[PDB]
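Student: What follows is the residue order along each chain.
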Amino acid sequence: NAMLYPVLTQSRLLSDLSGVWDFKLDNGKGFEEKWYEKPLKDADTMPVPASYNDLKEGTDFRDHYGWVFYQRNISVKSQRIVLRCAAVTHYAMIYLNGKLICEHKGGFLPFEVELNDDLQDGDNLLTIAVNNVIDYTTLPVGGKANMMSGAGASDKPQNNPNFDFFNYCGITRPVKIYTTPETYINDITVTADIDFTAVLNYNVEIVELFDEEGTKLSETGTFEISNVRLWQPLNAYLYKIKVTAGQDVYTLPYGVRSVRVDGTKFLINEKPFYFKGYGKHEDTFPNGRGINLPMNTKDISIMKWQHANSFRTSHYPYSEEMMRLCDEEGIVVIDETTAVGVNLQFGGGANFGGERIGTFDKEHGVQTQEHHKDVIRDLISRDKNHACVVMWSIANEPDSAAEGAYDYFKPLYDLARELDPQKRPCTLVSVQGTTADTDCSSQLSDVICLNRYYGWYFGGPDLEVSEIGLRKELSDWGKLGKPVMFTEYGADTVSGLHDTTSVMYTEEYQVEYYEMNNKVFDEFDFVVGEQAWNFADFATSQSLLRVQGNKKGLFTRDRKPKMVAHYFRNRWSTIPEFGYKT
Amino acid sequence: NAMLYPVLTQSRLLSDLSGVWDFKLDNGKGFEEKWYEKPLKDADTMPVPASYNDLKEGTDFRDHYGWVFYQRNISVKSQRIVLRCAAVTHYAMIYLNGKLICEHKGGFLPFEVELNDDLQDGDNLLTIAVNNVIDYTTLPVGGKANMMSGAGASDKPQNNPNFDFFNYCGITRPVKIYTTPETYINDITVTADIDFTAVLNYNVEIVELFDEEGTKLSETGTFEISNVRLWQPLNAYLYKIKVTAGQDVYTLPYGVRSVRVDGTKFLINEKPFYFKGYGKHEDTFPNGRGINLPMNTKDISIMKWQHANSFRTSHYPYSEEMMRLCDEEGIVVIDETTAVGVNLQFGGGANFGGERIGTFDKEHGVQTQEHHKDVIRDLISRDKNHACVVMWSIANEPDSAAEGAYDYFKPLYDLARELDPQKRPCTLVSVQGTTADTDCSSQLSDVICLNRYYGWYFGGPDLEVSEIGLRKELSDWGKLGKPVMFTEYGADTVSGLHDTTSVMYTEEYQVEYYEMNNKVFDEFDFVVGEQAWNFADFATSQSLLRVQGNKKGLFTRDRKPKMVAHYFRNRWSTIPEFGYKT
Amino acid sequence: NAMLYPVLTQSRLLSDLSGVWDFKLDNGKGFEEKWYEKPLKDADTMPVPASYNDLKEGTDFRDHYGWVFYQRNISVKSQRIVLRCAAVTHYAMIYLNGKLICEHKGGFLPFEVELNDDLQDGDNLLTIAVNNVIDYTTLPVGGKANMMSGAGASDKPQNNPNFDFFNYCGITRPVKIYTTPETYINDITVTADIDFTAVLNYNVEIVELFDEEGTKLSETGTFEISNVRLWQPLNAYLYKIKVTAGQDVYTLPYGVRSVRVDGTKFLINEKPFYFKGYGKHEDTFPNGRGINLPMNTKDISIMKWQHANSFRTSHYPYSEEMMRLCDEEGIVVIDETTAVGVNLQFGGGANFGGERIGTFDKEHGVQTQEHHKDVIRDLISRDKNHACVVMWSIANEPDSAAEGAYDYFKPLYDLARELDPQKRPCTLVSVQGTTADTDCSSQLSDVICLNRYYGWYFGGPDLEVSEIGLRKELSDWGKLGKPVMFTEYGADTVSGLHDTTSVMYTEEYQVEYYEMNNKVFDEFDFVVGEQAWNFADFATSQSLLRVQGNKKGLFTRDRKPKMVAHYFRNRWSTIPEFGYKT
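First to last, the sequence lines map onto chains A, A' and A''. A prime marks a further copy of an entry chain.
In case it helps, the entry's author numbering puts the first sequence at residues -1 to 74, 79 to 152, 159 to 205, 211 to 219, 231 to 244, 249 to 610.
In case it helps, the entry's author numbering puts the second sequence at residues -1 to 74, 79 to 152, 159 to 205, 211 to 219, 231 to 244, 249 to 610.
In case it helps, the entry's author numbering puts the third sequence at residues -1 to 74, 79 to 152, 159 to 205, 211 to 219, 231 to 244, 249 to 610.
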């Protein structure tokens, strides 16, 4: 249930296992050969943490279907030993000296196991198999053909993702080893009540406030009170929390923050906020989905350079190392689960009995609601203590208007409200074609988050006509008395393509696209957020509509800016975080 | 019927009218205002010859629907005066001092008019209106929606071309003024019979051979005979023909050439030929479809640089200035008519009565067969005396497998055979999906010219699977005992996009694409031609599948080479013009 | 003296400190304010390991002059604790709880310190200051103006490097914490003698062979003997060495390899070798000089993709994590020291007394010979047990033909021979203009490694004339009876710049450049190596001659290939590792 971010404490070690491991692609005849027992033979090398897909050469390597084998030797005994894999994508089986230890369905969330039992003296063998297969039982969801069918599924077995990004798999995030005394802290939970005319509830499970610079303060289930400094967007401030328990210490950073909705207003510390930012990705070269601390810190600089404040974990939980990094710098975050691809209208929907299949058919449709719940639990049981997180996104672009939509998301929306000790807003982002009167999110989500492409997929290159449809659909969402946010809107743009009389795919059309849309966003006082799609270019599956990946980014994959990054930087320079609307 | 290329002769003048004219966009209220009478007011400037679409700034200008007005003053009287417009795209009305003189339906072929009658002393006014509307009655054919529908036709009137290139319109080719004595030559026709062990038939209508360097020779309906030097691909040689008649002189260059088919062999002077080249376009910046003598001469250099010999006038007759230029340099040409777009399966076919419309429906389909015939006449009545022309293409990618296909093209195929005093091969290039047993060209065309995209539109990015389909369809065409030529095969490629593990749209995939295809072409001895698509990048209508136009070219629009231009140059260096197959 | 690469063993921990730290730029008033005592205030964030220069926005940040402050909290006691900084660039002062602990001059080599004494119970403070100033007393060497003076040194203080790459500084390589029993292994040294018709000497300081797959074997100052499997380029094989001593274990991988020179032959296991490869850099975005395990493993793939075998640590020792990675994959390495910039002819040489200064003037010249020696010691005392290392490079492009050249490098050449328990070849790479009769390396180095640019800096764009000079200078080096290797030759090339008639900076000129040079290399049987410059594009200081950095790479900075990467891949495909010359 509960995972705490490991760190050097007076009671706990932290031995990182990151490095170059032994690696082998499964050829089917792998598990019967019991490769997990003896050290890998004819093994190649692969760094950890990283996605393997882009680190060796060849289509047969990048597009491999099935299992891969990471191997590594280990050595160390009086303390509780535990092996936390920060993330394995997607499925993982952790052998050790041949004997299985753990399994995990879940590609972008951490899990730990006990280590004292089993284990030996030294020179014992660690093996981790990773599977990449996605289908109707996985999150993210894999289909049975290409997503952009509006290449035939033939011959060789492969993964056909129901999502517009590449299936970067492997040990994406680090593998560490921390220790604990036989009695340990297992979870911390701290809350806040502010008197805007400053008390911190703080349950624990199996304590001293500290202030930013370190000047120690109050001491003590717990509770506190002080004259506090507010955590603000682009103005962070983190108190420290030193938990002293059964001869064990874990330190915790906390920010004082209040989020609630008052109709058409998103309140951050009782002020009228405005989202300025992007949908992002964990996408670099050549790490793929692997973690890249430099690029994380680098994008933060660019975002402050570009006068932003927000972004969304599209379309999966990010790294712990980044969420904390968003606490330090004061970046508003919209956290999101792995629930993308819950939509069987993409491409040609599956056809069991000669007729199309709805998304939530009980027999031939999505079979994810169970695993969907654990993800909501494990995610909120991880990021509950981040002031950067002001909202949860239960899913990206699902069939939120089909039979079964409401009855699918209702229990998930409630589980979200039940487990967040702060009662944060919850939402899902809506596909195009979804209207206010037909969306299961119109009476379920506290804010309306839209993904609309008026002037690109729908209406391009006629920007006059596309503007009419955008206004028509936007006036129709105002009738909910809820806030409306745009989480995706963009236009593919190849860097270096120009013209004075702009056509599609040029840097000039990309600016005119955003000029038209933002001109309409400003006409409505219930729009409390513009989030561009995308922050940077990123890799996808191969298709005719994908020019070496998704070029909708404001920046390139090497983070170099396009002409639109300078448009948004000038625009977002004169738009405040608070009171842009009032 | 007959048009002779004007040139300075002892009897004939030639005053070019090319320059900057007065120009105005029609606003509807134009013909009732009788703008053709008084000189244009509030007029802009436009060079002639050129396509206007790209020479001024603005979508409303580039995408104008309707008429444009060229205006110009003229002045000079004992001779027959005549105004030949080398090409106006598409429809033209030639006023003069307000009084109409001529009209022409036909966008890429010349026409002339008489000038002595009417005309005045000096400072008389010339006005030329040009229309750009295309529909089911035009060649090329315009539809009722975008061509790549596998943007909604809405609100504003526009042209929706049924072809993958831009509707560059205006006075594309020059406007000149030549004079003749009241008795003039109107047509010349010269033929050849070679004894490959050398006689020239030469009718005239209302004469001395001359040899290349100018050493005069035989003299004289006519006839000649000599020990000749053969016109060969990449080895040209043009005799001269000085027609001396009723005090009038017209000089004519001629080449001695023999073309015929002996089963799976294309015979040029009784030798087994092989087409090495491209499908080309009249496409430059910013002239559009306008004539560009430098680029013409420049591409010829590149083609000899790249070790080619052939190309096709895709998809319209080119300039006279280029065809003669192909005679001088020895470039094999496949001449083609304006018949592209005769296919109503593109996009979503029109739907008159709730059900789709076949291409050759008598009531709701193509209405071009009449104008189709005149184009075949006017084209062959123009390019009949070019040794570079070794074949006629009656149409590009038509519905050559639908009801009405045969009965449509049969009279056109015959008119082609009737009017060519050399009995050259005739063909049409076939859409993808057309097979040997279903194509009206399988028993109509003397050679099979295919446009196939195995590995791009159909099968990409799986080059293994795409190879199987290409072999399967190619073995199935061999059973005709006719030669097979590829006139289109390519892959969109953005210059500067690279990867070692190649994906689509990169320069590396483009090479692998051609590597797979050419590997299969060589496996079959009935393939007598590979012609790449395209020679250079060129502009199209705006679509999601068109990244600033058609990037399938080996070169860029400014003629800079891609990595594939160097692949083909190395490949075509070791492939001869003759005997590659035998 | 001796540093062993830390790793999890039965006796030793390894707690990585990599992560996001507190960071502050010195403003002068820093050390007097004793920032090292109290935790940093107004602190920004910076990941470790990384070069800070590119992770925040602004010229004033990227081009900062002076100190930066890394800060971090630490916690843990029965074992010997030690803090090894794998590399700090350039100078480092390691405070802890305010009390200084260590200092290190040396930017690209590791150092460790003792930790038991001092240190506290928990929540004690670690501070690391890093300096970036380079001058005549540093390696690399910093000058007093820009290097490409054939921008005036004015106003603001800055660093003016005497080398063509950027001054990426900071904690480039990781910071870890390992423990040892009070008695520990401090150094291992293993040697080999092969009977080519297989004995391993193995001293230790304060033991069981193991075979690749792990099948244990012989046991035992030591010695061994077996029927061995040879470590070969592109065919690696690493035995394991488990040192069991005073209750302490350290494991060591070893390869059986023999290197010696027999006149014009470089012998690797008594076979005639040929270097196929590049000069490389530790240069990625945005890590700068920071370590990037994915890119390391990625380049190895590309090198095997491109059919290479060798490369050079230009111009500094690389990471331990990469050298071991070169042992696993079988990549020949030419190890190099930080000795670049020992040349005061670059730009305008310094002018103390109105007249130029020679490089090795005792009073106003290079003052590095002392620190130069320690670098040779610390480097060979680190990489002595890598089979990938077949040579040491004492310096890059120094004034190897000026007064003082010989007397400077002589003691360094000897120290190199004294401390390598394998007697590997030693060399330095020579500037252009250096000839055989004038180079202190002509009678000092066992192999002649040249950096020549015939056809670029010297002779471009005339490739005929440049070829004559290259042959003339190459015939003149053959008269030494020593092997000749090219370590640098290239031409700046902007990706995407093309022409059929090639000019400088195009992808075509770059190929013709290498075509001319390699045509001459093959004409001489004493050339035993071609190494391109560079492997990839990389960042430099700003100059008119530097188009966003050094574009001489075969690949781009994001590792995408240029047209020349495919030239070398086809060339190196038919050139073996052995017997290309014989």
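I should point out that these hints are in silico values taken from the structure, not numbers from a laboratory.
Even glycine gets a Cβ: it sits at the ideal position worked out from N, Cα and C.
Fair warning: there could be bad hints in the mix.
[Unchecked claim] If you only want the chain A side, here are some residues facing chain A'', beta carbon under 7 Å, derived: (1) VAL18; (2) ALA41; (3) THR43; (4) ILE72; (5) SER73; (6) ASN118; (7) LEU121; (8) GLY124; (9) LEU128; (10) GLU237; (11) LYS240; (12) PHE313; (13) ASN315; (14) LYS326; (15) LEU353.
Student: For each hint, tell me whether it holds in the structure or not.
Tutor: Consistency of the hints with the structure:
no.	hint	result
1	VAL18	holds, 6 Å
2	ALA41	violated, 9 Å
3	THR43	holds, 5 Å
4	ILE72	holds, 6 Å
5	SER73	holds, 5 Å
6	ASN118	violated, 16 Å
7	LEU121	violated, 12 Å
8	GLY124	holds, 3 Å
9	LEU128	violated, 10 Å
10	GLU237	holds, 6 Å
11	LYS240	violated, 10 Å
12	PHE313	holds, 6 Å
13	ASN315	holds, 5 Å
14	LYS326	holds, 5 Å
15	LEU353	holds, 6 Å
Hint violations for this structure: numbers 2, 6, 7, 9 and 11, all remaining hints satisfied.
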